[PDB]
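Of the protein chains in this complex, one is absent; all others appear in place.
Order of writing sets the labels: A, B, C and D. Residues in every chain begin at 1.
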Amino acid sequence: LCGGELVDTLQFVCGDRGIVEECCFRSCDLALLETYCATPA
Amino acid sequence: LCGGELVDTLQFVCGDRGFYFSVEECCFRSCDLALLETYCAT
Amino acid sequence: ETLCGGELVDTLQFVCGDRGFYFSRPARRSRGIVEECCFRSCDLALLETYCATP
Amino acid sequence: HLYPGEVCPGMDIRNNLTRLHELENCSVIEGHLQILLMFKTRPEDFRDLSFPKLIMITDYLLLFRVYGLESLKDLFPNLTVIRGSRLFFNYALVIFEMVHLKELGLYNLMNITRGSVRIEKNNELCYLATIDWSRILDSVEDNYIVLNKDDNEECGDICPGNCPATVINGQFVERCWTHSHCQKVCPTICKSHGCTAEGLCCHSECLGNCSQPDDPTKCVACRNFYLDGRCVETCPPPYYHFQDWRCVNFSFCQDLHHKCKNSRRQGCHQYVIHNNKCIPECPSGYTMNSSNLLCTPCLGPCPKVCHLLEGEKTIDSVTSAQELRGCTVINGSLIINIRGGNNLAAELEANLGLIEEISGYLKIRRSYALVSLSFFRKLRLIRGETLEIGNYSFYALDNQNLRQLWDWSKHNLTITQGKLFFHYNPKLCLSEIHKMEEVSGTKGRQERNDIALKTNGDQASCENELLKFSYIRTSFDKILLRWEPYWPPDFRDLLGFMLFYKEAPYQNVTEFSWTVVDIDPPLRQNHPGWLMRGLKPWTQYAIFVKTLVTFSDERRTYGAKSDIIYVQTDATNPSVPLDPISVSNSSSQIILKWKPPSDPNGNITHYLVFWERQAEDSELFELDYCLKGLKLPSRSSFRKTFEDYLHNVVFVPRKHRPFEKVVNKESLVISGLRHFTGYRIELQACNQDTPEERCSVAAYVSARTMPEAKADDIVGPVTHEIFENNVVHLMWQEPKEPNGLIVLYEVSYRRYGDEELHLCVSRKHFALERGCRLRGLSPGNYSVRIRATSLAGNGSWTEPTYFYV
Partner (left out) sequence: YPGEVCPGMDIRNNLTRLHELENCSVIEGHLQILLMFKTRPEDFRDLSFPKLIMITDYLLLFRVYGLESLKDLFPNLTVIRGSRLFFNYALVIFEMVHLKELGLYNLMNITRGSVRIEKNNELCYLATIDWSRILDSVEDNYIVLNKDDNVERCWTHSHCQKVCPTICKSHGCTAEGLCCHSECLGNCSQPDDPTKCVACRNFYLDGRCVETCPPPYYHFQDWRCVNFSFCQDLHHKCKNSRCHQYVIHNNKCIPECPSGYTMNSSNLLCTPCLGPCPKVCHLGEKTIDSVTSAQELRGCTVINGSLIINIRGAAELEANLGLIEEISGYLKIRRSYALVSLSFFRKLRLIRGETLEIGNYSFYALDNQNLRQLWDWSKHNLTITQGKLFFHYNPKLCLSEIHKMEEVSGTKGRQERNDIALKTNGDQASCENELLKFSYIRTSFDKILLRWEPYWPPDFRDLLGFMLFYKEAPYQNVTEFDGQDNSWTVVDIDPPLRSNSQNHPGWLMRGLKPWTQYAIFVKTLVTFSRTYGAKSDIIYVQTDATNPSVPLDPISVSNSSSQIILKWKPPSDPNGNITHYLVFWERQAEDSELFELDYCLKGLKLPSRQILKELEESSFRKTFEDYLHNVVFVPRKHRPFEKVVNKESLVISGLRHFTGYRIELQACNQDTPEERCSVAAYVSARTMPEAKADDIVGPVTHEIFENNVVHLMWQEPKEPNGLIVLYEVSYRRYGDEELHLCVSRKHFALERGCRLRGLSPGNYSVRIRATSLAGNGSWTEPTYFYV
């Protein structure tokens, strides 16, 4: 997924808490998205 | 692919040997160069 | 030369021809014709022995 | 009727027809008839020969390379039923390499008790598809007919039909034997008991044909048994059954057994009496009595040894196995080799299975139709004295459908010596081979490469362990999956999950297309899970998972999987309404037609349609409608990734129109519309209405109503005012309700006895000049007619204005 619609993916997987190069260009790896969660945000 | 269009192929496969008409083995069935070999008679 | 079925019968009735083939009674021994002529090439005598009268 | 004539024990005819006269005076044959290998024969020679006597053949009929024959009908016009007790390579009737054979001609054959028909490589036969083997046999699928004249070429099967025709696959076809004979068909109620010409049922015990309906005495064949012409279902004493078709008095079997014993034939059998049956030899658990030919049961455990020639036998067809029927001890080895394509397990377990012990080895090579060796019912021990080469006792090779080895829930086994061998068994499981290894007791006799670790069951599903879907989340096009992490005893053995899925419109789904996704195993919490992608909304899908392990042969870890799981996505905004058309069938009635959206995206609740009325063009009120051209119309990072990597850096890795609700309707009618006027209409399919109604894009369309008639015509009289200079200013009320609007008024004014002139009064001419004016008219009677041209067209000319100036 590319810019903007990967925001939906991060909304889903991250829940209540490099980018685009990984999903628009590379394969969206899921587990990569999980550790991206900004718990201390 | 049968009568009318294949005549060129009929000249193609054997050239200066000559054939006799019949085609319904190729616009419903298939041409496999075996019958093309046979129809053109010496 | 090696020969197998289909053409094997055509090879018969020419080398043997005319008179028939010997056939007495069942009296299956795994050596009949296939493993002697199709599997491995065979001579004329192995075929001549399959005639009836000689 | 009875069976006049002899019984003709099975024979063969070779090398000339002069031997055939042996069939002179017999109507039945004990055994098999072989006509084959005719060379110096021609059709005129066959035309003389005939045999109306023959009725039923015991074992089989075989024709192989008989020259000069074209149609068998003149030879065997009365063959009715083929018993087929002892087949010829699992075939009851073989028609092979018939040159010149044009047509079969067996219009009296009815049933074949057990067997199949194989006709091939004749290149002279047609009238093939015009016969129905279903009414002839019981197992049609076992038939094998290829390479004829009928199939490759198009030999016309011209035959009357006059004769019955019936469906075979999806269409009817005549069932004819010859050009003058056709298959005898009759109601299925008397399925095999026979049926006369008028359709009346034959006797219950009867079979095939009969002369007197429902009469055992006057039949030609009966399915049960034969005795003294009037055959009976089960004959009483002192008649013992024989060859499963006829029963004889004890004296007959007695004298024939004596004829076999005194004349030491290598083929004759010392017949015995056992359960009132003169069978060639009664099985294990019985002993021949010299006094009376009954074989009394033995007072001991002596099995019937079944010694093998050359210590080895090959099983490839039914006739190969039937030699071993009743045998229970084999002093040799066994090589199952069934080059098939159709199942044979039935007759194999029927004839085999009674075997218990194998002196030599066993080997199952190249078999294809075998699904499980369970048909070896009572096999218990494999002594393996005749050890196979490579010091092997049990063997296997290239068995494409070998599913199950044995039912280990209840079946014992024992292997004395020798080691195993398994290779190229794509439908097996290492679980099954390991279970056999444990049961066998040869567990310490296993060595490397004796059991291929990959070819055994390439594509099966026997991981024997279950997985649980820990969490599920649904959405439009994203489905989040999560399951319990799996960990074999050594985590290195686990190598990754495979998630298989496929869209599932229904509930009938198989196991084992089927799109795959690879999942990296997690690092030892942390449920592996996976997130879905690319879904179509409101669609059901079947999903399951699978584990992958290493060879793991020393242990018994086989991975796991999940059960097949159904789950469907959600509904969303539907697609555009399809086929939007609008036709005004009346001046105020418009029909609107549309089709459901190509993507309903859920159950379409309704359609939402709005409409309104446009306004006429302003320029149409200030156009000169009598100048030339007066024709009035009738109706790659770039900017896109700029913000993307902006979000990347920011985020950073962490260390009112009239309307209604049209329900269940694709056609609308709209009334109360201004005649000849355009209207704007839109429509939206709606798959969700009550909960915050969700509708697709508007279906834009526009349509103008049918014009009226009086609207164009001028309403109101014509008035004139004449000045002193003979100038006539003309008044007439316009049709204030025209078809849309009026662009001009044509004024046709004439003199008395003179020509008629046409003048244009456009909208600006009528309004700005306040009517119209005529200048330069000489005195005399006049006649003025006015016609209004509206958007639709022209009106009616007014009455002629009679006046003098």
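Everything that follows uses one rule, which is that contacts are C-beta pairs under 8 Å (C-beta built on N, C-alpha and C of every residue); 3 or more make two chains touch, one makes a residue touch a chain.
The residue touching the chain not shown here, chosen from D:39, D:67 or D:96, is D:96. Screening D:518, D:612 or D:660 against the full complex identifies D:518 as the residue touching the chain left out.
In the complete assembly, the contact with the undisplayed chain comes from D:339, out of D:19, D:269, D:339 or D:468. Taking the complete complex into account, D:646 is the one of D:309, D:646 or D:767 that touches the chain left out. Although one chain is hidden here, its contacts on chain D can still be listed: residues 36-37, 64, 89, 94, 96, 118, 120, 144, 316-317, 339-341, 368, 400, 449, 454, 496, 518, 628, 637, 642, 646, 649-650. Annotation for chain B: contacts to the undisplayed chain at residues 9, 12-13, 31-34, 36-37. Although one chain is hidden here, its contacts on chain C can still be listed: residues 2, 4-10, 12, 21-24, 28, 32-34, 38, 49-51.
The criterion applied here is as follows: only the chains that are shown with their structure count from here on.
Chain centres here are Cα means. That of chain A falls 45 Å from that of chain D.
Annotation: 79 Å between the Cα-based centres of chain A and chain C.
Measuring from the averaged C-alpha position of chain C to that of chain D gives a distance of 47 Å.
Counting partner chains per residue, chain C has no residue touching two or more of them.
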